[PDB]
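Asks: Now for the letters of each chain:
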Amino acid sequence: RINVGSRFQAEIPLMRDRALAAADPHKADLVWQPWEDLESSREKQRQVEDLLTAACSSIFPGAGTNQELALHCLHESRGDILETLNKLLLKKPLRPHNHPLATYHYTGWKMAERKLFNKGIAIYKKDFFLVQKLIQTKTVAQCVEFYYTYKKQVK
Amino acid sequence: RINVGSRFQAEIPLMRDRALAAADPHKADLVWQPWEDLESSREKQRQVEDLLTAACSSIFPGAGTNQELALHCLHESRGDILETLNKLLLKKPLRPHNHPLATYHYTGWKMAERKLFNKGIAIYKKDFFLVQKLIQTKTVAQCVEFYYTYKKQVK
Amino acid sequence: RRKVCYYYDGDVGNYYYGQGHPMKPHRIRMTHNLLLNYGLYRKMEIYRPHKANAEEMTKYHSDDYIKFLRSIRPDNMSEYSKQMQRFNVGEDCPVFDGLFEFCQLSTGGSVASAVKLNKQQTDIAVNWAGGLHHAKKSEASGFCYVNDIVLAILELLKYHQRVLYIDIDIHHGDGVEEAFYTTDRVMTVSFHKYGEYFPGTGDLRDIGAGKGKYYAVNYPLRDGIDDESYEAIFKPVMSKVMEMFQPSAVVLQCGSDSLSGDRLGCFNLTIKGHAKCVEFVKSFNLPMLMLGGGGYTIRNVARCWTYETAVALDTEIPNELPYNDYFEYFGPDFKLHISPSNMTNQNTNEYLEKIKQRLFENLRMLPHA
Amino acid sequence: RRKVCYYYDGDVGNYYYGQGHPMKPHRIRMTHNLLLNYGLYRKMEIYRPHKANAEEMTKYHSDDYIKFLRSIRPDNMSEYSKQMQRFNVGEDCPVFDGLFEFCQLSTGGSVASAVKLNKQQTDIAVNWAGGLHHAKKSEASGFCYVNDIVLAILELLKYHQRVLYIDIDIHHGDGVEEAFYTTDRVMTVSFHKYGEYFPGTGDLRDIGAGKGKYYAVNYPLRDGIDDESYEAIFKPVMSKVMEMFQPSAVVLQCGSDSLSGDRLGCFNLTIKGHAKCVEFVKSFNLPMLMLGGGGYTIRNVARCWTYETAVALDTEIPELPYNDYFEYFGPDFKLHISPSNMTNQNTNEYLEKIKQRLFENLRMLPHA
Amino acid sequence: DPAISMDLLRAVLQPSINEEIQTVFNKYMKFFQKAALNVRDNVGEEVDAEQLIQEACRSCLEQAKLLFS
Amino acid sequence: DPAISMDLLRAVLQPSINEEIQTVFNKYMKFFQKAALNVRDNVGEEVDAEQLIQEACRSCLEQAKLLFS
Ligand SMILES: O=P(O)(O)O[C@H]1[C@H](OP(=O)(O)O)[C@@H](OP(=O)(O)O)[C@H](OP(=O)(O)O)[C@@H](OP(=O)(O)O)[C@H]1OP(=O)(O)O
Ligand SMILES: O=P(O)(O)O[C@H]1[C@H](OP(=O)(O)O)[C@@H](OP(=O)(O)O)[C@H](OP(=O)(O)O)[C@@H](OP(=O)(O)O)[C@H]1OP(=O)(O)O
Ligand SMILES: [K+]
Ligand SMILES: [K+]
Ligand SMILES: [K+]
Ligand SMILES: [K+]
Ligand SMILES: [Zn+2]
Ligand SMILES: [Zn+2]
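Residue numbers (the entry's author numbering), protein chains in the order written: chain D, 722 to 829, 833 to 879; chain F, 722 to 829, 833 to 879; chain C, 8 to 376; chain E, 8 to 325, 327 to 376; chain B, 62 to 130; chain A, 62 to 130.
Don't read these hints as lab results, they were simulated from the structure. Check each hint, because a few of them may be wrong.
[Claimed, not checked] Pairs of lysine-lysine, PhoX-like flavour, derived with a Cα cap of 25 Å: (1) B/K88 - F/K813; (2) E/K342 - F/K876; (3) A/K88 - D/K812; (4) B/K95 - A/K126; (5) F/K849 - F/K834; (6) C/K242 - C/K279; (7) A/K88 - D/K765.
Could you put together the complete structure from these sequences and hints?
Replies: This is the structure in structure tokens:
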């Protein structure tokens, strides 16, 4: 109930600590910034919406990518629209950006490995360890991702 | 029939006269030149025709001027079209061009002086001297010009 | 106006606990898409949280309990049978791949949001990933592993005069209560189900010790609470508290498991009722820190947090949903706001006046003039 | 290809002679619009002629005859009654304002075109304003005042080896004949009406004098000549002439009064017939100088000269565009026309007469 | 639809291109201004001058479509 | 019909403006070229890459008319 030994660990609080060389140059990495000097005047807000659904159209996928690939890139310019299309038209935006690493962070396939799913799950139905064992290239993290996306394909 | 005294006046002909410092720096004044390097390729010939009837439209008259005012001006540039419209848009092309003098040479009115015509010609009908006498500002040259132009106004 | 900060990482949605377990952290992923699809991205900062190291973990827990988390694997689950039961790891805290890495992000998230408030240049921050409070020093408990809420608070305590903690979650915040039970600058309020419910504590006498009397409050309740029933008990105390406690920093644990349609809960709440709370807290204009926590109906959870996120901006967002990937999961109505169940209130008006008639002048014992 | 030069001024169209007079130089104005409306402006040089001074006028006429033209006015017409009849000024040469200034331009025009041929860098030039040949030294005659054709030729004679003159005009070119009647380097051909017609000369015996025999030719004819009838007499002589005369410069007076529908003429010509002539002359590729002259049906005149102007460019031109003087072009509004119903009154023996006689007469001249 | 995705790209690039177009016509607007005045001077005051200028500008772009017909 | 004068003023000026328009689209053609292939990569080959480019370029001109309406 009230375990005296498991209460606390000498927090040592001061409650002023004026300018104690504040932390987080690394714990938090800014990836999006407002802009309301020119954009948010009820004149150019819609200009970004037309861009938004433009990505969710007949354009290249990276792993299956509707709009989220593009929003992180607009922050790269901080005030522009067309500069993104220069690098979006580029062969890959995934590869040449390795220091930011966000390109792989957004979302986290072969017919053969897909063949083993109906052969894998449809038999044991609750294993979740032979699932990655017999499909070696994919992890249980990736193997779970298809389950949520597959739910639309029935209807 | 054959008057010996009125035959000739010592022509003194040679029929070679190689390089006798040929005359006509003044007897003939060039006012129009072909151009067939870019124009006459059956691609831009029509471009000048559309210009031509453009003058014979809702644009300023000088004395009654359909197209002839514009053709003498194109020779001024010798290869251009738009440079003429700069000076054609100008307040008058008649006044600022006084050395070439062609502005007055093309074609060569008040209701009061027009009133005296039906009062002038319709009475005597064959005078041609009281015509200029009672219309003092105009000459017999100008008074004749309206006769040819008036022939359409009946029909 | 007020600047706002929001935190998120993408790898959380892939973690899985095990068969039939109700907690599934994929819920956080659906919320993130809603903030962007509604256009609210124009009005907030997004941040990526990095992995939390054992350093800040050792600041509350033992360094040997941690080394056990590194040596465990699901394939070698059998060798550690004696230790597993010893630390409550089991049916309520199953073992799986990436168990530690899951907590690294939730720990890193709130601890990161702690600092930009310590920077003292903004008022509001949010992290729906955290909200784990049932953990103890040497044992997991109640589906939680790390009491990251306290670990985030320790950065605040160094800078901030007084920190008020709140726990709307239908589960009782016993873990946080344990760490501030004899100190005056930290008040611990907690509204919770009482009577045959985990963790089985939270009576009226749970008041404090030493100087801690009238500094760790509770206000237990029973099932069937209505949105309007909530009104007569939340507002009057808080107005009495602000001149009394003189807070400088709020920490509002928005436990969304208290909403209707819950596998576990039996309350009668909607989105408007729980969201009606925050408009009153925002009225005071003080440094806030919103956190999530419990919640097992993934459908209604994102509907609540997305609304509360807009309310911190004092912005309106209309009722309805745009084109998105997770559209069909939002019930057959496909409307943001919802209705409650048919349950009535089981608490009498005298049952309301009980602690109200008793406790308001009890607080007047404290010094002020 | 061959470069071409054309001359024109605008003040000519305002001049007027008097009541009921057939010559009216407004005809030149209508021709000028047609060259531009047909697009031929792309292929030729236009030049403005300046006023001709008394200097070049004194080169043939007397300086006192000129001073009379300056002192005359229509209001003071009466004082000079004795002198007026003395110089043939009268019904055929009325007096009017700007009489001298009219001739200054026609004199300046051909005299100007004379030089660019003397420049010896082009072959062809045109001036439909000139073509006045009936004038004499001390008198006007036959509606003309100045024999500018000769005044233009004198610049050519200095530079050009031999100048062939031609006169298709239904009137006879007696004035030009008078000035080259005893010189061999100038041949003077002239086809004309003969028998009760102005100037009442131009018989077969009008041949020359001294060395001038077989160097000033005529070939008179009667009314009703057809376009095809013209063919059998123009071509055969010219082919015989070129090796014989050895010309270096042509002067083709395109007297257009010889066309049908004339107040004065009684020929049976069309535009194609008179224009058929020039294609044969252009075939020889020699320096030409085209001039106008007579013509009193203003409607068909411009139809002829505009065609001949295009033929010097060996270009085709098809009907009429939008213009100011459109309605004057008859009820047909077609460039080419038809003749009257007159037949030829000249017998085949009448054709062979000078042909059988004169071709070997020319063979008397030296060549081997 | 394939053609729709291009039209969503069209809305992005419209304002940038529309700015340069407005710069083009300003060079040639001087010819249009006096032309509208003189026509109204000769025909009569009743004609709205500014409307005529707008009519020609839309017509100029119609023929530019032939580049990509 | 006073507007006849304006249509002939246009014919003088249209071939000149068509030089500058071609200069403009050549800047943005780099966006269309590789993009159209990528559309033909995700969809079959039956669609012609050149046709869609000609379609949108004509479509862009229609919207610019609003400035001079
Ligand atoms: O069969 P339904 O009436 O549609 O309800 C199911 C069911 O929930 P209940 O068991 O509480 O009815 C599933 O639970 P299990 O069958 O897995 O025990 C649950 O799965 P989770 O409990 O793992 O969430 C699933 O939810 P989901 O569709 O999100 O997988 C949910 O379906 P609904 O969400 O449509 O109610
Ligand atoms: O009455 P129209 O059919 O229009 O013809 C007349 C007529 O010519 P005809 O007598 O040959 O028909 C005039 O001749 P007169 O009445 O003077 O004898 C003539 O005048 P000129 O002979 O003095 O030229 C005039 O011509 P213009 O209009 O140039 O004065 C001309 O009219 P059209 O030129 O309209 O045919
Ligand atoms: K609670
Ligand atoms: K306390
Ligand atoms: K003759
Ligand atoms: K001779
Ligand atoms: Zn909870
Ligand atoms: Zn004649």
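Asks: A separate judgement is required for each hint: does it hold in the structure or not?
Replies: Verification of the supplied hints:
A distance of roughly 22 Å separates the Cα atoms of B/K88 and F/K813; the hinted pair therefore holds under the 25 Å criterion. Among the hinted pairs, E/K342 with F/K876 is consistent with the structure: their alpha-carbon atoms are about 20 Å apart, no more than 25 Å. For a cut-off of 25 Å, the pair hint linking A/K88 to D/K812 stands: about 19 Å separates their Cα positions. Restraint check for B/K95 and A/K126: the C-alpha separation of about 22 Å stays at or below 25 Å, so the hint holds.
With a C-alpha separation of about 21 Å, the suggested pairing of F/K849 with F/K834 holds against the 25 Å cut-off. Pair hint C/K242 plus C/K279 holds up; C-alpha atoms about 16 Å apart against a cutoff of 25 Å. Between A/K88 and D/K765, the direct Cα distance comes to roughly 23 Å. Compliance with the 25 Å bound is thereby established for this hinted pair.
The earlier numbered hints are all upheld by this structure, with none contradicted.
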